[PDB]
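Please put together the full structure from these sequences, using the hints given.
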Amino acid sequence: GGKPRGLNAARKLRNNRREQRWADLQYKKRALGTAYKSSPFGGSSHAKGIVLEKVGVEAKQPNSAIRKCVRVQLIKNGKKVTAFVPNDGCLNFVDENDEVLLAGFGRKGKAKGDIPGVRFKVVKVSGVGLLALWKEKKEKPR
Amino acid sequence: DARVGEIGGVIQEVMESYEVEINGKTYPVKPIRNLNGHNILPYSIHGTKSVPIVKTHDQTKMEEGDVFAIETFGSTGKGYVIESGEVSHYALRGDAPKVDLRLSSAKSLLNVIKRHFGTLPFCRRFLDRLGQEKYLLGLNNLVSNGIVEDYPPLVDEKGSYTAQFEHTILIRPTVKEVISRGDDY
Amino acid sequence: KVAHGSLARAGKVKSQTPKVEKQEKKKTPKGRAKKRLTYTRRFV
Amino acid sequence: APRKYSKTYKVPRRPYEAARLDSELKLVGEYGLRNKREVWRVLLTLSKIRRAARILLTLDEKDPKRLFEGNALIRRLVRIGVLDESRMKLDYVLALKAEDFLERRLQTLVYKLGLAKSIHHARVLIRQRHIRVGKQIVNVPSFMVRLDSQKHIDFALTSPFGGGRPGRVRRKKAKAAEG
Amino acid sequence: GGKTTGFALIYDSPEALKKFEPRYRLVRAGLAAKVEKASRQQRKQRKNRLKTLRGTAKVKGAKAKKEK
RNA sequence: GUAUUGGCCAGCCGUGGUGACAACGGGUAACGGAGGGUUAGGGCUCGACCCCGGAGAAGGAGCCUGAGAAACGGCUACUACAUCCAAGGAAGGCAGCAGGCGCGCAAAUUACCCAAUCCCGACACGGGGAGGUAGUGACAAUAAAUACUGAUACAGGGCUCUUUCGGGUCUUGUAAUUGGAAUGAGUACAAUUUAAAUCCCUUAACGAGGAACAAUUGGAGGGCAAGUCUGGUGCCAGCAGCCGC
Numbered sequence: 003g004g005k006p007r008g009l010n011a012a013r014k015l016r017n018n019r020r021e022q023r024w025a026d027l028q029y030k031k032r033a034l035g036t037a038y039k040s041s042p043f044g045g046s047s048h049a050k051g052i053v054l055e056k057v058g059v060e061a062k063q064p065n066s067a068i069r070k071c072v073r074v075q076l077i078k079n080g081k082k083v084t085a086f087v088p089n090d091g092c093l094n095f096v097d098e099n100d101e102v103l104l105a106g107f108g109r110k111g112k113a114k115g116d117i118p119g120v121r122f123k124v125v126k127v128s129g130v131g132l133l134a135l136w137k138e139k140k141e142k143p144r
Numbered sequence: 260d261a262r263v264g265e266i267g268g269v270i271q272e273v274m275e276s277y278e279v280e281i282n283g284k285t286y287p288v289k290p291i292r293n294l295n296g297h298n299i300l301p302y303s304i305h306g307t308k309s310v311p312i313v314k315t316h317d318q319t320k321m322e323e324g325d326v327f328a329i330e331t332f333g334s335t336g337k338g339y340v341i342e343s344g345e346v347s348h349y350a351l352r353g354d355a356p357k358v359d360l361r362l363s364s365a366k367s368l369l370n371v372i373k374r375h376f377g378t379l380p381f382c383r384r385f386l387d388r389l390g391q392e393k394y395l396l397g398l399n400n401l402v403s404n405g406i407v408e409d410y411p412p413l414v415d416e417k418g419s420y421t422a423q424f425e426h427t428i429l430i431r432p433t434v435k436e437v438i439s440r441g442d443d444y
Numbered sequence: 002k003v004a005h006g007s008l009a010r011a012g013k014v015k016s017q018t019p020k021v022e023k024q025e026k027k028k029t030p031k032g033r034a035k036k037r038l039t040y041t042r043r044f045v
Numbered sequence: 002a003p004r005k006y007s008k009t010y011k012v013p014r015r016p017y018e019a020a021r022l023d024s025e026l027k028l029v030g031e032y033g034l035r036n037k038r039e040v041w042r043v044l045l046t047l048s049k050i051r052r053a054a055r056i057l058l059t060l061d062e063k064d065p066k067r068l069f070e071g072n073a074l075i076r077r078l079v080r081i082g083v084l085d086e087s088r089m090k091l092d093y094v095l096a097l098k099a100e101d102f103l104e105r106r107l108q109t110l111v112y113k114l115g116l117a118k119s120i121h122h123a124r125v126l127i128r129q130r131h132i133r134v135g136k137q138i139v140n141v142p143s144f145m146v147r148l149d150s151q152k153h154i155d156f157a158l159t160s161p162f163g164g165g166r167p168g169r170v171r172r173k174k175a176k177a178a179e180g
Numbered sequence: 069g070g071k072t073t074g075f076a077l078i079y080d081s082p083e084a085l086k087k088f089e090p091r092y093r094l095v096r097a098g099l100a101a102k103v104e105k106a107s108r109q110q111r112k113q114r115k116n117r118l119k120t121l122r123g124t125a126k127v128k129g130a131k132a133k134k135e136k
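Protein chains in written order, with PDB author numbering: chain SX, 3 to 144; chain D, 260 to 444; chain Se, 2 to 45; chain SJ, 2 to 180; chain SY, 69 to 136.
Treat the hints as calculated values from the structure; they're not laboratory data. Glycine residues also receive a C-beta, built at the ideal position from the N, C-alpha and C atoms.
As a list, the in silico DMTMM-like pairs of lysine to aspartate or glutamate whose alpha-carbon atoms are at most 20 Å apart:
1. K56/SX - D100/SX
2. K35/Se - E31/SJ
3. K2/Se - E408/D
4. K337/D - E272/D
5. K13/Se - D409/D
6. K308/D - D260/D
7. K308/D - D354/D
8. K289/D - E330/D
9. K142/SX - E272/D
10. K142/SX - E275/D
11. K289/D - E141/SX
12. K314/D - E141/SX
13. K56/SX - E342/D
14. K314/D - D100/SX
15. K142/SX - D97/SX
16. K137/SX - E22/Se
17. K118/SJ - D155/SJ
18. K20/Se - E280/D
19. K136/SJ - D155/SJ
20. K36/Se - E31/SJ
Interface residues of chain Se toward chain D, partial, derived using beta-carbon atoms under 7 Å:
21. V3
22. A4
23. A9
24. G12
25. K13
26. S16
27. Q17
So, in structure tokens, the structure goes:
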């Protein structure tokens, strides 16, 4: 209650909606284009990078395990990120300087599960595909 | 002047030309790609140099006066090992960081190891024969604090078979001497 | 935690699991025939 | 720009609903369909009719748009046979249901007029070049037979059942046994 | 089916047929022979080569003797 | 001065013009529109791209011919790249069709032809990478293969005679038996298709009995449909959009 209701008050109603629309969080990040600027990916879906070293990451408080992440430097703009290697015993397939391909966890810029500070996962290594190697459908080229 | 990465490629090509039938099925022999020989130093089993058993681009050269352990491993499985099983092998690090231990029990074992074994590897039974009976707490504490290194058993996949041969060679100034050669192998 | 951990233990369980083979079984009908068998069991 | 395309089915919003899951399976088994898609396709083409009738019903009576389009819609349904002549009213098309459309298709019409032992036997006879309507050979199970063409379904002239010559395996057996 | 549909043309006189029919139809009936020509690229290549010669392009060997 | 109007330009003379009904300036991962996607109604979002209008041919300026150009498969000059050379000199502009390099998560053949739709010229006759046909192609959309049916037994369901292992009647199921016919997936004499071919559509001789002429991708604690069965591991290895194991 308290809106202008007259027949010639179309200017105030249109102006008010424009100003208060910024209080929304989903719309505010769309208008300013933060993804184009701050996100390591240039607003894209995938990216290619070079593996630097293998790192183990501890799980959060209730759990206890080693998550076995990896360090990657992006070819497109030279930034450095960390990515998670899914499935059981798959670090064995990746070596140093292996040209991996990455994607997201699907939480749209937030960490998934108990893994802290990790936002990406490895999809392909040496252009073969990680899951295909796991089921012994293909052999990794030398 | 032999290049260690080139040696690895030659070793791999000879072994991989063989195959073996086990229970009616034929299995290629695969090198265990994450095992390697090494140089030997005074009172220290592992130096800084590795001798791979697959082709690599390691260009480090062997030099006059060096001694190397040349060992190879073959497998009918994946050609890769992981650590699994009960731990028996330990060794004091020569480069161990200085630490202060609240637990007195560790303080006594550390003195025993340095005075008896130094940096030589030891096993559990070598402690038993010295009359140590209540040492497991202290040993695990020394590992956690970075003072002693553990070496769990290394296994390939269940149902696979592995073999090993190794010799020590001396790269003397005059000639090469294969010191461990015998009439057996 | 100077030790931090050890990455050697990757793939322990999958490597040491026993291996057992598929056993041959009769082929199942497919397409429209497979739907016909399902309908009879759940309503007749 | 110059090519036109359309898709003929829709997907339900809730994927796993117990009440809906078994209802469709009963229809599939009854008429010997291949999968759930043909059930959804019939539901969509029935929904288009309802929307057109509902739009016209809110119009005033004797409105020229309502009369012209209402009569055309009614005549089309009577001609195909999914609606009986006793009820020519725009309100009665809203009461149509899914099973009415499935009655008037070539696969079921083969069953009703003899010519087959099981509803699954009818489909394999349609796909093979056996059934003909009028003078044209039809191999489309969902032909949606019209009313006045119902009295001309018969075996093909060249089919072994309606004449012709013995088929592939019968000839070999006769020839092999002969010599 | 056993039905077939096509097109037919009936001409007043045989001479009138050859006057109006396209050549490719005549070859089908055998009345006329095919035209022999080279492929389309070689004809185009030759045409552009002759734009660099001015007058009596048929023989241009008179310039062979300039070198002596 | 211009094809013509005009602060478009030259002299002389006035002091004006826009703005809270948002001027001026900065951003645009901005060519505009017809329109695409999603729907109770009201809306939100996209539009380089087959139709219409505007601009450009590596970056800037200048000009000739002509009814029409500030043209680049026309010329002159500078800047940046780059070609041949006997060292004096000469020549170049694929955001036209194919093709190569680089960049990237990301996109096809250096193939055939004027037969069709149309355009140009002195012309009924010549030309057209405009345009059409084929190759590669799981971008999307439409139709719909992977089997059909008897008999004899057993089992159960429906009804009766009805006392129970009892009999007549129909359906369904088969690590139960034998018994039937049919079809294209391919393939190949012909004709047809086409500028010449291929494909489709018709059609002689061949083409189904299981280890095939063998369907996969994700799941079985809850949201959410489907095991509390049997081996391995033992907060390790790992799963898990969320609660969790």
